[PDB]
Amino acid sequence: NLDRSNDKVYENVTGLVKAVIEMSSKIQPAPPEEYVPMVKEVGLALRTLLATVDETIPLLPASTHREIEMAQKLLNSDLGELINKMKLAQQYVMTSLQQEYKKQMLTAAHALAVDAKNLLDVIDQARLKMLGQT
(Lines of atoms letter the chains of each structure in order from A and count residues from 1; the text may use other names and numbers.)
(Lines give C-alpha, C1' and ligand atoms only; values in the text may rest on other atoms or scores of the structure.)
Protein backbone atom coordinates (compact mmCIF):
# COMPACT_ATOMS: atom_id res chain seq x y z
CA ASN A 1 0.00 0.00 0.00
CA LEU A 2 1.48 3.36 1.26
CA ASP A 3 4.93 4.45 0.41
CA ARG A 4 6.95 4.65 3.64
CA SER A 5 10.19 6.11 2.05
CA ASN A 6 9.90 9.30 4.17
CA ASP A 7 7.04 8.43 6.54
CA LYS A 8 8.43 9.82 9.77
CA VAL A 9 5.50 8.51 11.79
CA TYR A 10 6.07 5.00 10.56
CA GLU A 11 9.84 5.17 11.36
CA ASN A 12 9.18 6.61 14.77
CA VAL A 13 6.57 3.96 15.52
CA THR A 14 8.91 1.26 14.27
CA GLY A 15 11.78 2.52 16.40
CA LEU A 16 9.49 2.71 19.45
CA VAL A 17 8.23 -0.78 18.83
CA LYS A 18 11.78 -2.09 18.41
CA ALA A 19 12.60 -0.35 21.66
CA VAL A 20 9.88 -2.20 23.56
CA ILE A 21 11.02 -5.45 21.94
CA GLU A 22 14.66 -4.87 22.81
CA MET A 23 13.75 -4.14 26.46
CA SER A 24 11.53 -7.17 26.72
CA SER A 25 14.05 -9.66 25.40
CA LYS A 26 16.70 -8.27 27.69
CA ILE A 27 14.79 -7.77 30.86
CA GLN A 28 14.88 -11.00 32.83
CA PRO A 29 18.69 -11.52 33.26
CA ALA A 30 19.03 -7.81 34.05
CA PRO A 31 19.81 -5.56 37.06
CA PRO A 32 18.57 -1.90 37.36
CA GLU A 33 21.82 -0.39 35.90
CA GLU A 34 20.81 -2.23 32.69
CA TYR A 35 17.01 -2.05 32.70
CA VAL A 36 16.50 1.64 33.58
CA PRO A 37 18.47 2.83 30.55
CA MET A 38 16.34 0.71 28.27
CA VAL A 39 13.15 2.22 29.63
CA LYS A 40 14.70 5.73 29.10
CA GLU A 41 15.34 4.49 25.61
CA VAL A 42 11.68 3.71 25.16
CA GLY A 43 10.52 7.03 26.58
CA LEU A 44 12.85 8.95 24.32
CA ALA A 45 11.49 7.04 21.33
CA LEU A 46 7.99 7.84 22.48
CA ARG A 47 8.62 11.56 22.66
CA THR A 48 10.31 11.59 19.28
CA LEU A 49 7.11 9.89 18.15
CA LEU A 50 4.62 12.27 19.66
CA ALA A 51 6.54 15.35 18.41
CA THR A 52 6.35 13.99 14.88
CA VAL A 53 2.67 13.44 15.21
CA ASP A 54 2.20 16.98 16.50
CA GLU A 55 3.71 18.20 13.16
CA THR A 56 1.52 15.97 11.13
CA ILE A 57 -1.81 16.65 12.70
CA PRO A 58 -2.27 20.01 10.95
CA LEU A 59 -1.77 18.32 7.51
CA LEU A 60 -4.51 15.75 8.14
CA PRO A 61 -8.30 16.43 7.81
CA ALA A 62 -10.12 18.09 10.74
CA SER A 63 -12.37 15.14 11.44
CA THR A 64 -9.59 12.82 12.56
CA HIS A 65 -7.78 15.09 15.01
CA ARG A 66 -9.72 14.13 18.14
CA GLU A 67 -9.17 10.38 17.79
CA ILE A 68 -5.41 10.89 17.27
CA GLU A 69 -4.90 13.18 20.18
CA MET A 70 -6.63 10.58 22.31
CA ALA A 71 -4.31 7.84 20.99
CA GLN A 72 -1.47 10.15 22.00
CA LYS A 73 -3.05 10.72 25.45
CA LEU A 74 -3.05 6.93 25.87
CA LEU A 75 0.58 6.42 24.91
CA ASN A 76 1.73 8.83 27.61
CA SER A 77 -0.57 7.09 30.01
CA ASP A 78 1.03 3.74 29.11
CA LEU A 79 4.52 5.11 29.57
CA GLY A 80 3.59 6.46 32.94
CA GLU A 81 2.21 3.10 33.86
CA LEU A 82 5.43 1.38 32.69
CA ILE A 83 7.58 3.70 34.80
CA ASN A 84 5.46 2.88 37.86
CA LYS A 85 6.17 -0.79 37.45
CA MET A 86 9.78 0.02 36.71
CA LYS A 87 10.09 1.78 40.00
CA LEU A 88 8.38 -1.05 41.86
CA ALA A 89 10.79 -3.57 40.34
CA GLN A 90 13.69 -1.48 41.56
CA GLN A 91 12.39 -1.25 45.11
CA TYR A 92 12.32 -5.06 45.21
CA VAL A 93 15.70 -5.92 43.60
CA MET A 94 17.23 -9.26 44.69
CA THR A 95 14.12 -10.30 46.62
CA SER A 96 11.47 -12.93 46.08
CA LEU A 97 9.42 -10.40 44.05
CA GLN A 98 11.90 -8.98 41.53
CA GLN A 99 10.75 -11.16 38.72
CA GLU A 100 7.00 -10.99 39.22
CA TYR A 101 7.22 -7.19 38.93
CA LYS A 102 9.23 -7.47 35.73
CA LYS A 103 6.16 -9.35 34.52
CA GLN A 104 3.97 -6.30 35.02
CA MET A 105 6.54 -4.14 33.23
CA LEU A 106 6.32 -6.49 30.26
CA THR A 107 2.59 -6.22 30.32
CA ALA A 108 2.84 -2.42 30.36
CA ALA A 109 5.34 -2.24 27.52
CA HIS A 110 3.38 -4.67 25.37
CA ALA A 111 0.45 -2.26 25.94
CA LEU A 112 2.58 0.62 24.79
CA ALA A 113 3.63 -1.13 21.57
CA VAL A 114 0.05 -2.21 20.82
CA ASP A 115 -1.19 1.37 21.27
CA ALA A 116 1.62 2.87 19.20
CA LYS A 117 0.69 0.41 16.52
CA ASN A 118 -2.84 1.63 16.89
CA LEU A 119 -1.77 5.23 16.65
CA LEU A 120 -0.01 4.47 13.40
CA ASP A 121 -3.24 2.88 12.13
CA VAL A 122 -5.18 6.10 12.86
CA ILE A 123 -2.66 8.29 11.08
CA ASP A 124 -2.76 6.08 7.95
CA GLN A 125 -6.53 6.20 7.82
CA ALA A 126 -6.10 9.94 8.06
CA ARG A 127 -3.57 10.24 5.27
CA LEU A 128 -5.59 7.86 3.10
CA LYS A 129 -8.54 10.03 3.69
CA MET A 130 -6.52 13.19 2.88
CA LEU A 131 -4.73 11.60 -0.02
CA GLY A 132 -8.10 10.78 -1.62
CA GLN A 133 -8.15 6.93 -1.37
CA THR A 134 -11.48 5.31 -2.59
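Numbering follows the first chain given and starts at 1. Here the rigid core means the biggest group of C-alpha atoms that line up within 1.5 Å when the two forms are laid on top of each other. Compared with the form deposited in another entry:
Treated as two rigid bodies, the chain between the two forms differs by a rotation of the smaller body against the larger of 178 degrees.
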Second form
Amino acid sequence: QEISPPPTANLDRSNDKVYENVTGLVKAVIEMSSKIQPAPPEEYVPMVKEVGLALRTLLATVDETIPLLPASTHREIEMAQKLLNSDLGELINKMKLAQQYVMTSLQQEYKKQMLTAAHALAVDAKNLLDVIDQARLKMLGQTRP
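Coords for the form deposited in another entry, given the form deposited in one PDB entry:
For this one, just the chain is written down, with no partner chains and no other molecules.
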Protein backbone atom coordinates (compact mmCIF):
# COMPACT_ATOMS: atom_id res chain seq x y z
CA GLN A 1 0.00 0.00 0.00
CA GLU A 2 2.18 2.69 -1.49
CA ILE A 3 -1.13 3.72 -3.09
CA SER A 4 -3.08 7.02 -2.86
CA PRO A 5 -6.20 8.56 -4.53
CA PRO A 6 -5.70 10.84 -7.60
CA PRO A 7 -5.24 14.58 -6.64
CA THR A 8 -8.42 16.49 -5.71
CA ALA A 9 -10.81 17.49 -8.49
CA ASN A 10 -12.02 20.50 -6.39
CA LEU A 11 -9.22 22.70 -7.66
CA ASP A 12 -8.82 24.26 -11.12
CA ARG A 13 -5.52 23.04 -12.60
CA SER A 14 -5.51 25.28 -15.69
CA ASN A 15 -2.98 27.71 -14.18
CA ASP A 16 -1.71 25.43 -11.35
CA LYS A 17 2.08 25.80 -11.59
CA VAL A 18 2.70 23.60 -8.52
CA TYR A 19 0.76 20.81 -10.27
CA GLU A 20 2.70 21.36 -13.46
CA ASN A 21 6.06 21.40 -11.62
CA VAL A 22 5.33 18.28 -9.60
CA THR A 23 4.45 16.64 -12.97
CA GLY A 24 7.74 17.82 -14.47
CA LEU A 25 9.75 16.47 -11.53
CA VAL A 26 8.00 13.10 -11.40
CA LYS A 27 8.54 12.70 -15.16
CA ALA A 28 12.20 13.67 -14.88
CA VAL A 29 12.55 10.88 -12.28
CA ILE A 30 10.73 8.30 -14.42
CA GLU A 31 12.90 9.25 -17.38
CA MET A 32 16.17 8.96 -15.40
CA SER A 33 14.97 5.74 -13.79
CA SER A 34 14.11 3.99 -17.02
CA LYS A 35 17.40 5.07 -18.66
CA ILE A 36 19.58 3.82 -15.70
CA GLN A 37 17.77 0.46 -15.49
CA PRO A 38 17.66 -2.24 -18.26
CA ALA A 39 14.04 -2.78 -19.30
CA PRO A 40 12.50 -6.29 -18.71
CA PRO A 41 11.60 -8.47 -21.76
CA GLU A 42 7.94 -7.67 -20.98
CA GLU A 43 8.49 -4.07 -22.05
CA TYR A 44 10.22 -4.97 -25.34
CA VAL A 45 7.01 -5.46 -27.31
CA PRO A 46 5.35 -2.04 -26.65
CA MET A 47 8.69 -0.33 -27.48
CA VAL A 48 9.02 -2.25 -30.77
CA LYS A 49 5.40 -1.45 -31.69
CA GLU A 50 6.26 2.24 -31.30
CA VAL A 51 9.15 1.80 -33.76
CA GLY A 52 6.92 -0.19 -36.16
CA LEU A 53 4.27 2.50 -36.01
CA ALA A 54 6.92 5.14 -36.74
CA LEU A 55 8.19 3.09 -39.70
CA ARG A 56 4.73 2.74 -41.21
CA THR A 57 4.09 6.44 -40.99
CA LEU A 58 7.42 6.88 -42.80
CA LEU A 59 6.73 4.24 -45.52
CA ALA A 60 3.22 5.64 -46.14
CA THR A 61 4.68 9.15 -46.42
CA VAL A 62 7.42 7.88 -48.80
CA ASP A 63 4.73 6.18 -50.90
CA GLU A 64 3.06 9.56 -51.51
CA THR A 65 6.25 11.36 -52.50
CA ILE A 66 7.38 8.74 -55.07
CA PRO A 67 4.79 9.82 -57.75
CA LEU A 68 6.40 13.27 -57.75
CA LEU A 69 9.93 12.04 -58.36
CA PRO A 70 11.82 11.14 -61.62
CA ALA A 71 11.09 7.51 -62.53
CA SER A 72 14.90 7.01 -62.71
CA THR A 73 15.03 7.27 -58.87
CA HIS A 74 12.03 5.01 -57.94
CA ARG A 75 14.05 1.76 -57.85
CA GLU A 76 16.54 3.25 -55.37
CA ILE A 77 13.78 4.55 -53.08
CA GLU A 78 11.87 1.26 -53.22
CA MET A 79 15.09 -0.64 -52.43
CA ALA A 80 15.67 1.66 -49.46
CA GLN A 81 12.14 0.93 -48.27
CA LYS A 82 12.96 -2.81 -48.78
CA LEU A 83 15.99 -2.35 -46.51
CA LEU A 84 13.88 -0.70 -43.73
CA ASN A 85 11.35 -3.59 -43.89
CA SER A 86 14.30 -5.99 -43.75
CA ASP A 87 15.58 -4.27 -40.59
CA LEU A 88 12.11 -4.41 -39.03
CA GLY A 89 11.88 -8.15 -39.73
CA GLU A 90 15.25 -8.71 -38.13
CA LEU A 91 14.38 -6.48 -35.14
CA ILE A 92 11.16 -8.44 -34.50
CA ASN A 93 13.03 -11.75 -34.92
CA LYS A 94 15.75 -10.77 -32.43
CA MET A 95 13.15 -9.39 -30.02
CA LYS A 96 11.29 -12.76 -30.06
CA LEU A 97 14.58 -14.63 -29.56
CA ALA A 98 15.58 -12.30 -26.68
CA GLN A 99 12.26 -13.08 -25.00
CA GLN A 100 12.56 -16.79 -25.78
CA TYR A 101 16.05 -17.02 -24.27
CA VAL A 102 15.15 -14.73 -21.34
CA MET A 103 16.78 -16.71 -18.54
CA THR A 104 19.57 -18.48 -20.48
CA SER A 105 23.21 -17.70 -21.28
CA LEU A 106 21.82 -16.11 -24.48
CA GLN A 107 19.71 -13.34 -22.87
CA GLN A 108 22.27 -10.55 -23.36
CA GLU A 109 23.47 -11.69 -26.80
CA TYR A 110 19.91 -11.60 -28.21
CA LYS A 111 19.22 -8.27 -26.52
CA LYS A 112 22.40 -6.99 -28.23
CA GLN A 113 21.44 -8.26 -31.67
CA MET A 114 18.01 -6.65 -31.18
CA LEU A 115 19.70 -3.28 -30.49
CA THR A 116 22.01 -3.67 -33.46
CA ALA A 117 18.92 -4.33 -35.65
CA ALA A 118 17.20 -1.22 -34.17
CA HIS A 119 20.34 0.86 -34.79
CA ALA A 120 20.47 -0.46 -38.32
CA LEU A 121 16.83 0.67 -38.72
CA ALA A 122 17.68 4.28 -37.69
CA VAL A 123 20.79 4.37 -39.91
CA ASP A 124 18.79 3.09 -42.91
CA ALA A 125 16.04 5.66 -42.21
CA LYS A 126 18.59 8.50 -42.58
CA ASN A 127 19.83 6.84 -45.80
CA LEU A 128 16.26 6.81 -47.09
CA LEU A 129 16.11 10.56 -46.33
CA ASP A 130 19.32 11.18 -48.31
CA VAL A 131 18.10 9.02 -51.22
CA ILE A 132 14.82 11.00 -51.35
CA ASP A 133 16.73 14.30 -51.08
CA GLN A 134 19.02 13.49 -54.04
CA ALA A 135 15.86 12.54 -55.94
CA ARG A 136 14.16 15.88 -55.15
CA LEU A 137 17.25 17.90 -56.05
CA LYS A 138 17.50 15.95 -59.34
CA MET A 139 13.81 16.79 -59.88
CA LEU A 140 14.49 20.50 -59.25
CA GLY A 141 17.35 20.40 -61.78
CA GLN A 142 14.85 18.96 -64.29
CA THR A 143 11.98 21.35 -63.36
CA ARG A 144 14.05 24.58 -63.67
CA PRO A 145 14.24 25.98 -67.27
